[PDB]
Structure formats: C-alpha cells, structure tokens
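Chain by chain, the residues run as shown.
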Amino acid sequence: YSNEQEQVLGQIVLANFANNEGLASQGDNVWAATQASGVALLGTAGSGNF
Amino acid sequence: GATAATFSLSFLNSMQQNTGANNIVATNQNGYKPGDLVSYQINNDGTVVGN
Numbered sequence: 304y305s306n307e308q309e310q311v312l313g314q315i316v317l318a319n320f321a322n323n324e325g326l327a328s329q330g331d332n333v334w335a336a337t338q339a340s341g342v343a344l345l346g347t348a349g350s351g352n353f
Numbered sequence: 253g254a255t256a257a258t259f260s261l262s263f264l265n266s267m268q269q270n271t272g273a274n275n276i277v278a279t280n281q282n283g284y285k286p287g288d289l290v291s292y293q294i295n296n297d298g299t300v301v302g303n
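For the protein sequence lines, the chains are Zf and ZU, in the order given.
Numbering-wise (PDB author numbering), the first sequence opens with residue 304 and increments by one.
Numbering-wise (PDB author numbering), the second sequence opens with residue 253 and increments by one.
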C-alpha cells in the first residue's frame with residue numbers, strides 16, 4: 304500500500320498425490336482427483352515434500 | 253434448526269517430536285452432504301458403484 308504497510312491476502316496451497324499417473328485429465332491442462340491418484344495431500348511451497 | 257451431531261474425535265497415532273514445525277497429517281470423518289448420481293461403473297470384481 305501507500306502507507307509503507309503490507310497486507311497478506313492469501314497463500315497458494317499446493318497438492319501432491321500418492322500416484323501422479325492415476326490422475327484423470329479433464330482437458331485444458333487440468334487434472335482431477337481419482338481413486339487411483341489417491342487423496343490430495345495439501346501443503347505450502349518450500350516445506351515438507353513440495 | 254438442524255440438531256447438532258455428537259461424534260467421537262480420535263487423536264490416535266499423534267506424536268510430539270522435534271519436527272521442523274507442527275504439521276497436520278490427516279483429518280477424516282464419515283459425514284457427507286446430499287448429492288445426486290453423476291456416474292455409474294462396474295468394477296472388475298462385479299461390484300456396481302455409483303459416483
């Protein structure tokens with residue numbers, strides 16, 4: 304901002320899967336979660352396994 | 253107007269160790285919202301499963 308003060312608006316979450324090859328592509332470079340891919344493990348960049 | 257659901261919350265397998273930071277591993281529950289059928293399939297073992 305103009306008052307020499309910064310405000311955080313959000314943090315982009317990232318998702319990693321048990322089986323990347325199990326994802327089902329939905330077109331326009333978009334994937335969807337499926338049983339084969341397993342449930343999405345969420346996290347932040349630079350920490351854990353991201 | 254919906255009556256609250258009474259449920260048992262389990263913290264099993266939780267550990268307190270010298271991690272880089274506190275990390276939440278898994279959260280799960282057996283409830284779900286109303287939904288209509290969007291797909292159906294027959295699995296390789298004969299089961300009919302509706303998504």
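Since the hints were made in silico from the structure, they are not lab data.
Misleading hints may appear alongside valid ones.
[As the list claims (entries may be wrong)] Incomplete in silico selection of chain ZU near chain Zf, CB under 10 Å:
| hint | residue |
| --- | --- |
| 1 | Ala273 |
| 2 | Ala278 |
| 3 | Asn282 |
| 4 | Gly283 |
[To be verified] A short, non-exhaustive set of chain Zf residues, derived as facing chain ZU with CB atoms under 10 Å:
| hint | residue |
| --- | --- |
| 5 | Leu317 |
| 6 | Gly341 |
| 7 | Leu344 |
| 8 | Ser350 |
| 9 | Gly351 |
[Said to hold, decoys possible] Residues of chain ZU clear of chain Zf, computed beta-carbon distances all greater than 12 Å:
| hint | residue |
| --- | --- |
| 10 | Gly253 |
| 11 | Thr258 |
| 12 | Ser260 |
| 13 | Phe263 |
| 14 | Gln269 |
| 15 | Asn270 |
| 16 | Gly272 |
| 17 | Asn275 |
| 18 | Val277 |
| 19 | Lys285 |
| 20 | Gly287 |
| 21 | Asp288 |
| 22 | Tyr292 |
| 23 | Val301 |
Beta carbons are placed, not taken as given, at the ideal position from N, Cα and C, and that holds for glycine.
Enumerated hints in conflict with the structure, sorted upward: Going through the list in order, the structure violates hints 3, 4, 5, 6, 16, 17, 18 and 23 and respects the others.
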